[PDB]
Structure formats: structure tokens, C-alpha cells
Amino acid sequence: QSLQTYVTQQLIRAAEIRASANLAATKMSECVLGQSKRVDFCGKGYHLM
Amino acid sequence: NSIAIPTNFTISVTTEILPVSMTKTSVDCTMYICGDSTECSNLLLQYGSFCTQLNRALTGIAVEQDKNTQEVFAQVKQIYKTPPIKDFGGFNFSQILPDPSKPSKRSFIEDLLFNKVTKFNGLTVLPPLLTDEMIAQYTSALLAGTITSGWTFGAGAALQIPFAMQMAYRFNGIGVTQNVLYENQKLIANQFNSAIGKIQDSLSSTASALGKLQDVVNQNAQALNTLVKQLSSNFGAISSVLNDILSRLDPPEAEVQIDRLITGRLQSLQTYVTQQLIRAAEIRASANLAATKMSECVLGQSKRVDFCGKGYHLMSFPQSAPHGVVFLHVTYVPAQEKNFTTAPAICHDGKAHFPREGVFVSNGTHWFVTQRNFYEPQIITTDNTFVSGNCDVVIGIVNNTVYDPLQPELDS
Amino acid sequence: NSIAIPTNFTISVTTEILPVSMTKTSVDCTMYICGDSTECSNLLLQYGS
Amino acid sequence: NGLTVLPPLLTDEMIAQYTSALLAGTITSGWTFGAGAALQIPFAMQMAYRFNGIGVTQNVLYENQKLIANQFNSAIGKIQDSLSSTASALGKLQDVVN
Amino acid sequence: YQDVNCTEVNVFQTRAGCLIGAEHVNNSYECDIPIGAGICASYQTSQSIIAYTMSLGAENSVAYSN
Ligand SMILES: *[C@@H]1O[C@H](CO)[C@@H](O[C@@H]2O[C@H](CO)[C@@H](O)[C@H](O)[C@H]2NC(C)=O)[C@H](O)[C@H]1NC(C)=O
Ligand SMILES: *[C@@H]1O[C@H](CO)[C@@H](O[C@@H]2O[C@H](CO)[C@@H](O)[C@H](O)[C@H]2NC(C)=O)[C@H](O)[C@H]1NC(C)=O
Ligand SMILES: *[C@@H]1O[C@H](CO)[C@@H](O[C@@H]2O[C@H](CO)[C@@H](O)[C@H](O)[C@H]2NC(C)=O)[C@H](O)[C@H]1NC(C)=O
Ligand SMILES: *[C@@H]1O[C@H](CO)[C@@H](O)[C@H](O)[C@H]1NC(C)=O
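So the protein sequences, as listed, match chains G, Y, Z, C and A. Throughout the first sequence, residue numbering follows the deposited numbering, covering 1002 to 1050 in sequence. Throughout the second sequence, residue numbering follows the deposited numbering, covering 710 to 827, 854 to 1147 in sequence. Throughout the third sequence, residue numbering follows the deposited numbering, covering 710 to 758 in sequence. Throughout the fourth sequence, residue numbering follows the deposited numbering, covering 856 to 953 in sequence. Throughout the fifth sequence, residue numbering follows the deposited numbering, covering 612 to 620, 641 to 676, 689 to 709 in sequence.
These aren't lab readings, by the way, just hints derived from the structure by calculation. Treat the hints with care, as some may be off.
Claimed, not checked - When the alpha-carbon atoms are kept at most 35 angstroms apart in a straight line, the in silico DSBU-like pairs for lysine-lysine are as follows:
#, chain 1, residue 1, chain 2, residue 2
1, Y, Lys-825, Y, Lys-1045
2, Y, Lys-933, Y, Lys-786
3, C, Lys-947, Y, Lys-947
4, G, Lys-1028, Y, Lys-964
5, Z, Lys-733, Y, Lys-1045
6, G, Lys-1038, Y, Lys-814
7, Y, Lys-1038, G, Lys-1045
8, Y, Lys-790, Y, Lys-776
9, Y, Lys-933, Y, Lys-811
10, Y, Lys-1073, Y, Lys-1086
11, G, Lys-1038, C, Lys-921
12, G, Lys-1028, Y, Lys-776
13, C, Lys-947, Y, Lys-1045
14, Y, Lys-921, Y, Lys-776
15, G, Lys-1038, Y, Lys-825
16, Y, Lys-964, Y, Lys-947
17, C, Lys-921, Z, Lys-733
18, Y, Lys-947, Y, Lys-1045
19, Y, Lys-1073, Y, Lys-947
20, Y, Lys-776, Y, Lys-825
21, Y, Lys-921, Y, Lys-825
22, G, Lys-1028, Y, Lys-1038
23, Y, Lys-947, Y, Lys-811
24, Y, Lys-1038, C, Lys-947
25, Y, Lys-1073, C, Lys-921
26, G, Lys-1038, C, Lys-947
27, G, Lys-1038, Y, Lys-1073
28, G, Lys-1045, Y, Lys-964
29, C, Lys-947, G, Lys-1045
30, C, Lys-947, Y, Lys-814
31, G, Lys-1028, C, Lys-921
32, Z, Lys-733, Y, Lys-947
33, Y, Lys-921, G, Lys-1038
34, Y, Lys-921, Y, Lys-814
35, Z, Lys-733, Y, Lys-776
36, G, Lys-1038, Y, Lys-811
37, Y, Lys-1045, G, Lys-1038
38, Y, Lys-933, G, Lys-1038
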């Protein structure tokens, strides 16, 4: 029961990191490989690079 | 002072595959734990709502699976259909449009997708609300809309537009002047038609192409097989078979052996349900992404980089798949390039001239102004450039001449 | 009848920090639940998968 | 006690080749290495392109090019002062590790 | 009655199981109560519970020309 508790916490924590990896991958694709028209996506200001 | 400007392009089509739904399983927690046993059921009741709250959790998953499907595909208020005459400017869509000769009006490509992706313990499977036929009708409507009305059907009414003109807008949207499309319309249509044929060859031969959907099926199958196999475990009891305990022991002793099985089997369901809830969240996130793409990829045109495939997005077409959606993303990719000498500005009479659009380039002897995404050199004129400031400010400014179209009209 | 037009700019570099992965832990559960014990391992097998 | 920590497939030296590739692409070629093969463009012409992206007329770059270069260089300087002084800036990554 | 043929039990046959006490309607209307495999049910005409194959939307040929 104490191992299932760890693994369940890690599965939910891995979904929390996976949604952050997909947000980092999206910011890599739109901010680094591009220039974003999305407001406040790349911090305060009009995004340059 | 060197810029590479593409002189040619290729239209490529890529396939992006996303899960939308998962099998709507349903488990009868009482039948699973205490199948056809009154003695066991009465003991199970001592655990209160532990049984029925699992039935609730699985129901919640089953319901959102229809929500996921509906949000991804039912984005069109009407069912649009293409005309009997396929006059789409040379663009052949016959492999993505529905085939009238089939028992289910799916496209050739959709059939390929469906042909690649593949008890009595209280475990049952509920059907989806939207059948494969209904999904096919939605992708057909979205596709017919995309082809005959561009993005207007997304915003409001489907407004007919010649396909070639629709593509002209799609080109302007990526920074390529519309004359490029018309001048190269035959090339573009041929590249498109060839790209689709390549999609079929890939899908028909590469089983791994649909791994994202096959994996969902496999994970759910594994979860159920694991759950069923747990019924064979003793969990400390004299036997995994409930009837063998009851047929051998009097209640004062049978109840002890049964409690051992109930704890193990109840724990087994809780493990299963928890995994299904977590997995369902993953599918939901994928479905949300798919729905986002449908709106911002199929119904519109994406300015978001690599959101709708690598390259400059033009248009996309949805295709259905088992428990998912497949997008064919049509993109513009620069194909061939040349090395040009460049400059940020040109001096004329001491005035600094900058391009309104495009860049200044030099072939080694003459300066031209041309679009960044395609080489199409033009004479530098006052109608191509604008003036701001003078030659003493801009770093790297070069000397040339700027033609004034008015001069010869007044000169003659 | 009044518009404010900014006469200058200030180029700002803002750090955004994102998790992208987490520690790839893995646990031999049969060692954690029963460590070097045959008697315990045989009992743990009664719990199936 | 049966616990282990598996290594990442990408070593922190390979991650640093990928961020250097993304970055040497970004600097020499702008967005074009995301669309196709990298197309070189001078950095004073790449920022002039990004100024048109925010709707600022690109001569606002060239007429201010030293001021803009100096504000970029000075703003990168503040990043070192922040990250050197203030260990709590990394709060998300240290939270995940904790 | 999910996954039961109507021989193991007004009656309407569905891929989702055996519906009882819902009046099958040949028309199609927008989903109200979802029964599964397309069928959706509502309380409509004198009133009764009907069951029907769902409308996906108003069908429309876009007047496309070259
Ligand atoms: C742009 O590239 C295409 C090929 O992708 C060129 O079209 C080919 O031209 C050769 C002759 O040189 C033919 O043998 C091929 O069959 C053509 N292919 C297709 C698909 O038409 C096109 O001419 C190039 N355009 C420019 C301006 O260079
Ligand atoms: C679109 O492409 C298909 C091929 O995928 C064309 O259909 C073929 O037509 C030839 C005759 O020219 C037949 O011999 C083939 O057997 C047909 N194949 C299939 C799969 O139907 C179709 O004619 C093209 N349409 C347009 C408008 O160009
Ligand atoms: C671009 O053309 C201008 C003239 O239109 C050049 O200006 C000359 O600069 C030299 C060096 O200071 C002076 O000695 C000449 O008297 C200037 N000429 C005139 C007419 O004023 C300028 O140097 C040229 N730039 C380049 C890069 O060729
Ligand atoms: C541009 O010049 C470089 C010089 O290193 C050369 O390698 C490259 O192939 C040239 N590009 C074209 C398109 O000729």
C-alpha cells in the first residue's frame, strides 16, 4: 500500500511534468524557432525572439 | 552582407496522429468481487460506498469519452458536402473525400487507418455515442467546408470561393505573394496530388504509423487483462474460488476466508480505477489538443510554428481513425536557394530607401527588391521602397538608384 | 480625443524557467516489499500482479 | 532497498549541443531553420524582420541600432546578476527535485 | 438493458442493448438524452419518451463553382 501510494503520486506528478514539457516544447517551437504574436506568451512586452 | 533566398518551393503533406478517446469500459464492482454470492455480498456491504464510488468514477470516465469525441469532431454546425463536379483547380481530393461505394462512406485514406489499428466477471464495454459512420460524416463536413469555403464556414456562413483563389489567400498568409500560386498553379497542384499519394503508401506499409492509437488500445487491454487475472489470486485465502470456500466452510470460518478475497479484489478494482482516471486525463489532454488543432488548423490557418506540421502552414484536412483523429497538414516548404548579397537600405539622393516589403538583393551587378520567402527580383522603385532619414545613419547602407515611374511620363 | 504614443522602447530579456523532466527513479518492488527473504517472497506471490 | 535512479538518454552535454544548435540556428538564420534548412540572414536584418512582426517600422531599428544592441547586451548582463545572486530564481526546478 | 438481446428480456432495438418503453421515431433530432451508438432519446410528441437516431446538423450543399 505504501509503494502504490508512491507510484500513484509519481503518476500524477509525471502528468504535471508532462504538461510542463509540452508547454516547454510549445514555447521552444513558437518562441525560439519563430516569433510569437500571442500576447504575454513570451513574458511582458511585444515578443522579438 | 549575405542572405539566402529560396528560388523554388515544395508542397509537402505530413500526417499527425492524435488519440481522442479510449474504450468506455464499465465494471460491476459487486459482481467482480462477489460474483453470484449472497454471503460475500453481505460482507461487501460492510465496506459502505467503497464499491459504488468506483462505479461512479468509471461512469465519469465513460461520459467524458463522448465529450472528447464531440469536442474534436462536432465543430461544424452543418453538414457540408462537395459538388458532383470536382473542379478544384487541379487539386485532387478524391482520396480524402468519402467513397459512395462503401457501406460506410469513408475516404480511401480513412479505410487505411481503420485497417491498421486493432468477460463474464462484471466487465463490460459500452458503445460510443458517435458511431464510426457519424464521425465520418463530421470529417466529411469539415473537409467539404475546408475545400469549398476555406475558413469562412468556421467564422460564420460557408462562403463559396474557387479553390485556386482560396489557395492564393493561404499563400499570402505565409508571406508569399498570390501571383506565385497562379503562375505555378500546375506545379502546386501536381506536388499536392503527389504528396497525397505518398501518404497512402506510407500508411499502407508502415504499421508503426498508427502507434499512438494502437498504444491506447494496448494499454486498456492490458489493464483489463490484469484486472481479470487478479481474480485467480488467493490473497491469503485457502482458494481464489469463492464457491470453493463456501462449499467447504461453515459461515464462521467462510467469512474469514472471504474477507481476505474481498480485500484483495476491492483493492484490485481501486488500483484499476485509479489507473483509468489517470490515463483518461492523458487522453483528455490529447483530445483537447486535437480539438484545438481542428479549430486552429482545419477551420483556419495557423501562424503558430510547427503547430500544424513543419513548414509554413497552408491548410489541413481531418481524417477519422479508431479512437482518434488524423490530420493531413499541407505545408509550404522552401526547396531551393541562392546566395545573394544584401543591404538594409539603399541611398539615392542622400535619402535612405527601405523596402516596404521584401529585401534588397544583389546578383553581383544589379540591385533588386524581392520577397523574403521566394526569389522574384524587381526593379527598385519609389513604389517598392519608402524613405526615412538619410545615408549617414544606417549601418551597411549601399549606393544604387531608385527608379521613379513618374519621371518618364513627365519627361515625354 | 487623446492618444498616448510611446516615444521610446526598452528591450527587456526576461528569464522563464520550466520543468522539462524529473528523476527517472525505478524501484524493484519485490526487493522493497520483501528484501532477501524467500519466505516473504512466496507470500507476496499470493497478491498476483 | 530496491530503489534506483536510471540515467537520462540525453546527457547534459548532449542537451548543451541541442541548445547550442537551436541557438546557433536562431542567431544566424532566424525562424527559417524551423521552416526548411537554415537560411543565413545578417542579425541587423533579422531583428529588422522581428520589428516588422511587432508592427514597429523596421527603420526604427536601423536608426537606433547601437541603442538596441546595447540594451540587449545590458539586459543579458542583468541575467547573470539575477542568477548569480538569487538562488530562489530557480524555484520551479528546485521544487521538482525536492 | 445493456448488451442483452430483446429475447433475453413498447420495445426498440439498439447496438447499445434493448430499449423498453421508448417509442422509436424514424425522424432525426439533435441529441437530448444520449443512449449510445447514435441513438438519443427525448420526452416529445399526448407526450411520450421517443428514441431516434441523432441529427448531426442541418445538411447543406455549399454552392461551390470554379
Ligand atoms: C522547381 O522544382 C520542380 C521540381 O520539384 C521543377 O519541375 C520539374 O522540372 C524538370 C525539368 O527540369 C522535369 O523533368 C520534372 O518532371 C518537373 N517536375 C514537376 C513536378 O513538375 C520546376 O521546374 C522548378 N522551378 C524552377 C523555377 O526552377
Ligand atoms: C485523382 O487521382 C486518381 C488516382 O488516385 C485518379 O483515378 C484513376 O484514374 C485512372 C484513369 O486516368 C484509372 O486507370 C485508375 O484506376 C484510377 N484510380 C483510382 C484509385 O480511382 C482520378 O481520375 C484523379 N482525378 C482527377 C480529377 O484528376
Ligand atoms: C555613395 O555615394 C556618395 C556620393 O553620392 C559618396 O560620397 C563621397 O564620399 C567621399 C568620402 O568622404 C567624399 O570625398 C566625396 O566628395 C563624396 N561625394 C559627394 C558627391 O559628396 C559615398 O562615399 C558613396 N559610398 C560608397 C560606399 O560608395
Ligand atoms: C553560399 O556560400 C557558401 C560558402 O561557404 C556555400 O557553402 C553555399 O553552398 C552557397 N550557397 C548556395 C545556394 O550556392
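Each hint, compared with the structure:
Of the pairs offered as hints, the one joining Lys-825 of chain Y and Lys-1045 of chain Y holds, with about 25 angstroms between alpha carbons and a cut-off of 35 angstroms not exceeded. Between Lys-933 of chain Y and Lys-786 of chain Y the CA atoms are separated by roughly 32 angstroms; this keeps the pair inside 35 angstroms, and the hint holds. The hinted pair formed by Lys-947 of chain C and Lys-947 of chain Y meets the criterion: a straight-line CA distance of about 30 angstroms does not exceed 35 angstroms. Between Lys-1028 of chain G and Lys-964 of chain Y, the direct Cα distance comes to roughly 44 angstroms. Violation of the 35 angstroms bound is thereby established for this hinted pair.
Of the supplied pair hints, the one linking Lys-733 of chain Z and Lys-1045 of chain Y holds, its CA atoms being roughly 30 angstroms apart against a limit of 35 angstroms. For the hint pairing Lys-1038 of chain G with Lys-814 of chain Y, the CA-to-CA distance comes to about 40 angstroms; that exceeds 35 angstroms, so the pair is violated. Under the criterion of a C-alpha separation no larger than 35 angstroms, the hint pairing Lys-1038 of chain Y with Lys-1045 of chain G is consistent with the structure, at around 20 angstroms. Taking the CA atoms of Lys-790 of chain Y and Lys-776 of chain Y, the gap is about 25 angstroms. The hint holds against a cut of 35 angstroms.
Distance hint between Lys-933 of chain Y and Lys-811 of chain Y is fulfilled; the C-alpha atoms sit about 23 angstroms from each other, no more than 35 angstroms. Among the hinted pairs, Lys-1073 of chain Y with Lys-1086 of chain Y is consistent with the structure: their alpha-carbon atoms are about 29 angstroms apart, no more than 35 angstroms. Restraint check: the Cα-Cα separation between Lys-1038 of chain G and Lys-921 of chain C comes to about 26 angstroms, which is no more than 35 angstroms; the hinted pair holds. At most 35 angstroms may separate the alpha-carbon atoms for a hinted pair to count; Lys-1028 of chain G and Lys-776 of chain Y meet this at roughly 28 angstroms.
Proposed proximity of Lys-947 of chain C and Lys-1045 of chain Y is supported: the alpha carbons are some 31 angstroms apart, at most 35 angstroms. Of the pairs offered as hints, the one joining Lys-921 of chain Y and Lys-776 of chain Y is violated, with about 42 angstroms between alpha carbons and a cut-off of 35 angstroms exceeded. For the proposed pair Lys-1038 of chain G and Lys-825 of chain Y, the alpha carbon gap of about 39 angstroms is over 35 angstroms, so the pair is violated. A distance of roughly 26 angstroms separates the Cα atoms of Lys-964 of chain Y and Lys-947 of chain Y; the hinted pair therefore holds under the 35 angstroms criterion.
Taking the CA atoms of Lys-921 of chain C and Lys-733 of chain Z, the gap is about 47 angstroms. The hint is violated against a cut of 35 angstroms. In summary, the hint linking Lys-947 of chain Y to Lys-1045 of chain Y is supported, as the alpha carbons are separated by about 19 angstroms, within the 35 angstroms threshold. For the hint linking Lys-1073 of chain Y to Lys-947 of chain Y, the alpha-carbon distance of about 40 angstroms lies beyond 35 angstroms, and the restraint is violated. For the suggested pair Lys-776 of chain Y and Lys-825 of chain Y, the alpha carbons sit about 25 angstroms apart, so the restraint of at most 35 angstroms is met.
Of the supplied pair hints, the one linking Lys-921 of chain Y and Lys-825 of chain Y holds, its CA atoms being roughly 34 angstroms apart against a limit of 35 angstroms. For the hint linking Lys-1028 of chain G to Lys-1038 of chain Y, the alpha-carbon distance of about 14 angstroms falls within 35 angstroms, and the restraint holds. Simply put, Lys-947 of chain Y and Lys-811 of chain Y have alpha-carbon atoms about 27 angstroms apart, close enough for the 35 angstroms limit, and the pair holds. Restraint check for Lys-1038 of chain Y and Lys-947 of chain C: satisfied, since their Cα atoms lie roughly 30 angstroms apart, inside the 35 angstroms limit.
The hinted pair formed by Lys-1073 of chain Y and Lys-921 of chain C meets the criterion: a straight-line CA distance of about 30 angstroms does not exceed 35 angstroms. Taking the CA atoms of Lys-1038 of chain G and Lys-947 of chain C, the gap is about 26 angstroms. The hint holds against a cut of 35 angstroms. Of the pairs offered as hints, the one joining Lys-1038 of chain G and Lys-1073 of chain Y holds, with about 29 angstroms between alpha carbons and a cut-off of 35 angstroms not exceeded. Under the criterion of a C-alpha separation no larger than 35 angstroms, the hint pairing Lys-1045 of chain G with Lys-964 of chain Y is inconsistent with the structure, at around 55 angstroms.
Of the supplied pair hints, the one linking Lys-947 of chain C and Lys-1045 of chain G holds, its CA atoms being roughly 19 angstroms apart against a limit of 35 angstroms. About 51 angstroms separates the Cα atoms of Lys-947 of chain C and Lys-814 of chain Y, which puts this hinted pair outside 35 angstroms; it is violated. Between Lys-1028 of chain G and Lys-921 of chain C, the direct Cα distance comes to roughly 29 angstroms. Compliance with the 35 angstroms bound is thereby established for this hinted pair. For a cut-off of 35 angstroms, the pair hint linking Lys-733 of chain Z to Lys-947 of chain Y stands: about 22 angstroms separates their Cα positions.
Of the pairs offered as hints, the one joining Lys-921 of chain Y and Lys-1038 of chain G holds, with about 33 angstroms between alpha carbons and a cut-off of 35 angstroms not exceeded. Note on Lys-921 of chain Y and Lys-814 of chain Y: the hinted pairing holds, with a Cα-Cα distance of about 30 angstroms set against a maximum of 35 angstroms. With a C-alpha separation of about 34 angstroms, the suggested pair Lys-733 of chain Z and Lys-776 of chain Y falls inside the 35 angstroms cut-off, and the hint holds. The straight-line distance between the Cα atoms of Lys-1038 of chain G and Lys-811 of chain Y is roughly 45 angstroms, outside the 35 angstroms bound, and the hint therefore fails.
Note on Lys-1045 of chain Y and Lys-1038 of chain G: the hinted pairing holds, with a Cα-Cα distance of about 18 angstroms set against a maximum of 35 angstroms. A distance of roughly 34 angstroms separates the Cα atoms of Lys-933 of chain Y and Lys-1038 of chain G; the hinted pair therefore holds under the 35 angstroms criterion.
Figure legend: structure checked against the earlier numbered hints; hints not met, in rising order: 4, 6, 14, 15, 17, 19, 28, 30 and 36.
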